[PDB]
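Let me begin by presenting the structure, written as structure tokens, before commenting on it.
Here the complex is missing one protein chain, while the rest keep their positions.
Chain nomenclature is as follows: A, B, C, D and E, assigned in order of appearance, with residue numbering initiated at 1 for each chain independently.
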Amino acid sequence: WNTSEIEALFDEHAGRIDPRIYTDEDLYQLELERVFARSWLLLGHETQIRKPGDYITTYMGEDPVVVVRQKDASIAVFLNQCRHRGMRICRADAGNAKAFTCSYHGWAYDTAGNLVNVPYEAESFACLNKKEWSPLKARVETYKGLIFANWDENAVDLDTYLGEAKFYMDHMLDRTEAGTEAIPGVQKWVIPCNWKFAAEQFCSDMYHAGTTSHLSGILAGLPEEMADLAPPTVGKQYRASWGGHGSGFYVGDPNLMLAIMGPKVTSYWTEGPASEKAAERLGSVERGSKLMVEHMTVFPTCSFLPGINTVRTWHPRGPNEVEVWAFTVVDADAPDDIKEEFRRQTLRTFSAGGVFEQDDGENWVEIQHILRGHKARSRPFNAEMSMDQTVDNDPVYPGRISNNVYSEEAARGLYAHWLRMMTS
Amino acid sequence: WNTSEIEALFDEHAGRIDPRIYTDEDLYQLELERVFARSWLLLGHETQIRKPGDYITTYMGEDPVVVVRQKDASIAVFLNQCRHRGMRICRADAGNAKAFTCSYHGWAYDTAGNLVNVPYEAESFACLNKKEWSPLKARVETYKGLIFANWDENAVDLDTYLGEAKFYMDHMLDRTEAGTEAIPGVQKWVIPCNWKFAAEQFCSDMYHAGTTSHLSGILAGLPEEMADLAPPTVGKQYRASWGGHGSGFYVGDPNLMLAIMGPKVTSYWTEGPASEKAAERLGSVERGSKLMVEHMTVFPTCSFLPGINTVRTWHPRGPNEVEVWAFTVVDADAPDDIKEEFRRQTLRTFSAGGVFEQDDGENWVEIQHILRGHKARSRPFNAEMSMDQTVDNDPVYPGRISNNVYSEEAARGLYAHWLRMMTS
Amino acid sequence: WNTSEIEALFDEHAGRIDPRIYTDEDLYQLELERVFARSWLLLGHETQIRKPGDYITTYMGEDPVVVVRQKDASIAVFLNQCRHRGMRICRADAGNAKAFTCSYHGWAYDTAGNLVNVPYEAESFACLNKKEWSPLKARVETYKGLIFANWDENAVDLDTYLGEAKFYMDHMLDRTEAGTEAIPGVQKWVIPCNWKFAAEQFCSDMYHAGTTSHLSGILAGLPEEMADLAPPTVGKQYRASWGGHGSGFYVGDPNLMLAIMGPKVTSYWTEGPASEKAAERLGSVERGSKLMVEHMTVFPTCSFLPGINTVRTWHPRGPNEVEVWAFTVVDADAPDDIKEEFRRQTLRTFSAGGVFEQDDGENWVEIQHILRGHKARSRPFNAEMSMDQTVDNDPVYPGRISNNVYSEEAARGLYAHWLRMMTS
Amino acid sequence: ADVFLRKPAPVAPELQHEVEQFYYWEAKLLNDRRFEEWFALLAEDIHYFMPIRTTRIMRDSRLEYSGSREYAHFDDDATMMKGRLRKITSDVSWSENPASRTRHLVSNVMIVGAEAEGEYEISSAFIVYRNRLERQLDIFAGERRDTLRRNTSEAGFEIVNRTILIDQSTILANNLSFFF
Amino acid sequence: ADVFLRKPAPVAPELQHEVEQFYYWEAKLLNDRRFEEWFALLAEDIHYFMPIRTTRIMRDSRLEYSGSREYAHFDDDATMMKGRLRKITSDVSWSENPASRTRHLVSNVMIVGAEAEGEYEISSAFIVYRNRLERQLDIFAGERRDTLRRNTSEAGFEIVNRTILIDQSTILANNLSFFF
Partner (left out) sequence: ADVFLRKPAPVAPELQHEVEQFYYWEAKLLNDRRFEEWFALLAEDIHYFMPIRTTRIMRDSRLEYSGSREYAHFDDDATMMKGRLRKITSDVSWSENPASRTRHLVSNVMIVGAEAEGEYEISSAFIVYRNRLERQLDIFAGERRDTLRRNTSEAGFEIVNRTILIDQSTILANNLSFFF
């Protein structure tokens, strides 16, 4: 693949996606090098690793990493592979360590992944530059509880990288001076489809919720009403000025939030003391109290639904499979029973077995399975939805905003950025 | 792979096959583009989709297709993938639809796969060229009940493509003015070996039946006789003048037909009213009443055994696996109990668990598994059987006919054509 | 991959391994052609195929082979694939044959894999050069009971190829004029990691046993002592002058042998009549009676532990998986209960479920799984252990000997040779 | 089903056990390649039936399994079965030479007495584990609906009807050369 | 567990059988897509719970399963379950239209009477075989810890508590759209 051909893969002006971007093995490797190697990737929430010595293990692309709380409370992130013969340094999902020891040949490491000492050092390795021979370190930068990491020496800091996307993250991350904790437990599952289908959906695909994709999941949350459900039609969608993030949300119409989250949560979110505090902080009565679902992706694979409050990372497993690692965040200071309500509700809906995410699983697999065919890969997909419907100067909402919640303008930005990243 | 190297893969004059043609992943892709994309492929039988609105789903290479009966009783065939984000349009093996709706975002389609309308059309897609954005359509042409499809704009029509192969299809498809119905039910199974082994066997491999491959399957059909079974030795084999089809059959010797189909069917096939009607139509007492098994392939992957009457498509799944989708055809007007007899017999013999096809499954897998090795791929296979034993002017049988039912002349034609297709 | 780039993969002077050598699919194919196709590979022990007509089936890379005892007691080795359409000629792990018959079309073969005759010969193949069309033959050469094979027309004979590696093999293979028999039974299992991790470990990795890898396996063999176990520190390691073999062993310290093999075997091995006979034959009291474990690899994939006495072949299954086929050899004339003791002990320790090899299985898989990542493949592994600590003129031990049993000098030779083989 | 629309009536434990034991014995016979004895368990009017199964939209779900006069994985009388037994007693039956390694886990056994004296309608659940050659592994599951008839044999029962309800649309193995 | 630290006391065989039969019936209901009747088995105070499970170092092993107030694969009351039933009675429930093919092998059934009259603590082992579409195959195993309460219904029991202890950390399927 030379640069020219990589450029042909997505056409923004025309609005067309070459489905080969979801299937080609070589592009997948390029992605791992040019996207995942240089982007800020979501590793989890701070409250997942509270005390010093605490770690969790995840992935940053397909490189496993250890994420460890330090004595000064920093967060260290190193490649989870001993440089000797590549054994896994940390071998558990989560726990607490004073040190790490490679179980193949016993090289040992401080909680920050520095190689401190090596068995039979004096006789066998006396010259061992233990700094050069420590596992690769990643830059760690958090944003209001979310832990991000980036391998790249010289990429813009998380704050620049997010840009005005921060504004939308705030809708969930900054509704109180208390911030957010994550309800303990991360749910993990394998979905054989390309990571971009997942990322793109959370970026801009309100369309699917508001049409046929989740008709039954909605019906599950309704009292004993049938197929005459009012779908919200007023809303907005945001496309980042740079970097490929996007978010969309409904305004004013509490119908979809009611079906998903129930009356207790929808109440907490839109009216009463906690909703007011949000409106105040967020600088707007609309932002704090009028936004009803909202979906969002921080490019490449960081996704969440403010209001529903599931957060997840899409872990790529080749072009043909993706793992979902998802947890749920609540305002740290929200009452007992609101937290519990957020727990029961998120798992009932946006989980592996949830009445919503059940169906996304089923669709996504099919999409990919088809792509196994030749003629199925030979014509572009249609990304032309709601073209030229964006002002970039809204009084309240930054970036490229549209008034049609049903648009692929955000999606178009995601792919346009992916394209920049791939061709550079 | 440049053209030169593709040519080296099969040598007809010498009679040699490079086993890499059964294994190489890249050649497999070329095949999907240069063979399956431009050939007439078997999708099933007409009586599988009788009333308007009826559909079945299969494959045309690795592209899934919907096969739907229309109001004017035509047969529409479209790629089974919504052009929006690639979801499967039709999600069942068979049934009856007034319309199709994509379950991801609800795009809807007439029974012929035209995109009729799209949710939030006016606001989001008002410019949507619904014709350009409909799933790819395939040309459909049937032959006496068998449904064929071809993507290719400009390939010869099924009738030209078959050429004098029609003559041999007639032995099973045209024995009565009533034609053939398919016994309901298609049996599907996965065999990890290259599709060409299956295709080639049905094309020209009488040899395997008449030697060691099916010794036990024969013994299963014999009365309580042992290993002193008389194998028919008189027969003919046909190699198409163009296009890579072939067929072989026994003449006069009712021994193999008796072992496979039993006395009731063998009788029906060779003597009595129905056999006579066949002889008359077929223009010859020999053709109608003297032919005893017969195997045949319509290149690439359409295969059947007139007399046994199993039909099947070999669905390619990469170079290393093939699905068999097989059904059984009977003369539409044959008596009740003959039909039933054809049912019980075909399933007892040429099915996944049948006393014949059991063993082909087992062999084919081994062939492929071995090919995993390096030295196993480095020398040609022997395709030199019965060279230069063909007249091309037989009084009765068209094309290149031989008098040795045990020949790889047909096989040689299959590969020679595959070679033409691949290098063009 | 051009030669230049293949050279960069391993740097001996610097002591660095590019982990891509354990993962890259294309290099894997080159390996099958440039390493396995031209090296002497271990197929098993002579006593596994005693009488004429006896065969076993294994692999020589990924080509399956038949290994058959002949009437003159030679050992024939042919590719286990009929040249007709590639069916497996011999379809059992072990047994006794007067002849072999291909079950697809019935071509038949003498116990040495010559095609003797072919069904319908006169009519169909009368010109069949049965010698040209016989399965590929491998050169067979044994060494003191171990059966080796090589495809290559013109590679040095096993004896030259081994070089002074014979010296170390003798520690297990030549301790008596009676030689060695193999205890019947080969244990087979699948380990998803690259074959080189296994080969390299047996070549030079005493380090892993003497540190953290097998702490619990040792504890399992100790009386009811805890974590205060004395690890032997006196020993030697050998790197072959050519060809990439290596061996390391402890001297004098019976502690590790006691934990693994128990007191009965350790006794038999180091003191008493049988130990003396060994010392005499081996030319040295040290060699015969003072060596306590010892590990060794005959490049590429032939590995054993003299003293423990498990032998195995690492069968490559792509870059990402390896099969272990392992058996146990005893001195043919050792007493009943010593043999039995060697049986119970080897299986209790160095088997799929053995208290040692259990853990190697677990580690190796992780190593490979990690390698799935991008950044995990982008920096070298550390192969700099114990550099420049080798005399090449020891009074007793031939080749490049070191006094540090804990060294990667042998490993460095393995890879240096692999490099020679790959670039030639 | 038909019979199993209503939770079966309680049965004497020695009946439950008598039937369960039958099945365990039958499994041992199949799993230990004792085919000759297994066929002896087949009643003279044996009807051995395993319908093809299809992926259907839930309104269309009455058409999931192939019907009475329709193609099927197996649909054998005693004569057809005899021939099959004659296959698996051949050194030339390649699909079972070398033989498969099979395991039949049998559970969820439910019993209803039928109209006739000494006949029973049974529903049981199975997993069949089929391992063969080096690395070939196939795992099937499903339900067996049987009709058993009491017997003067040492086994105590003969199999009159068997309907194997497989949990597969496409068969995920390269053949079905063993018996459910 | 708590209850199962000590090998259960022997029970009358008709109790063992009564309970085993319950489970077989329940499996037939699930496996035959008879969801309406299955939900009827759920007691009004139903608590249907399947904790997330994690790979832990053996000293840390008390933290293997998600706890009381922690995220989980399922954690449903009767109201949440009602909604779920309402999903699987929709021609628009894609994950179950077309429907999955499931099999529930049930074994290792151990019974301990609870404090309350007519309530029982059960431990059983399962394999669930889920096959759907053409070639999708998922195999789960685990333990079900249930509390059953006797009943005037034709089934004889209602399910009060269910704790599904899955043998998976990461879920190896693309969803959990059926019931354990």
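Couple of notes before you dig in:
Going forward, a contact is a pair of C-beta atoms (placed from the backbone, for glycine too) under 8 Å apart; a residue touches a chain by one contact, two chains touch by 3 or more.
Note on the chain not shown: across the whole complex it touches A, C, D, E.
Considering C:283, C:335 or C:353, the position touching the chain not shown turns out to be C:353 (whole complex). From the set E:105, E:133, E:148 or E:164, the residue in touch with the chain omitted from the display is E:105, counting the whole complex. Mapped onto chain C, the interface with the missing chain covers residues 91-96, 183-192, 212-213, 215-217, 219-221, 323, 327-328, 340, 343-344, 346-348, 351-353, 355, 357-359, 361-366. Within the complete assembly, residues 1, 4, 6-8, 10, 13, 16, 53, 55-59, 61, 105, 107-110, 123, 125-127, 139, 141-143, 167-170, 172 of chain E touch the chain that is not shown.
Residue positions on chain A in contact with the hidden chain: 91-92, 103, 188, 190, in rising order.
Rule of thumb we're sticking to: only the chains that are shown with their structure count from here on.
The chain pair with the larger count of C-beta pairs in contact, out of B-E and A-C, is A-C.
For B-D, the equivalent interface within A-E, B-E or C-D is the one where over half of the contact pairs agree by residue number, namely A-E.
Centroids of chain A and chain E (each the mean of its C-alpha atoms) stand 31 Å apart.
In chain E, 94, 97-98, 133-135 are the positions where the chain touches two or more neighbouring chains simultaneously.
Of all residues in chain C, those that touch two or more other chains are 91, 103.
Under the contact rule stated at the top, the pairs of chains that touch are A-B, A-C, A-E, B-C, B-D, B-E, C-D, D-E.
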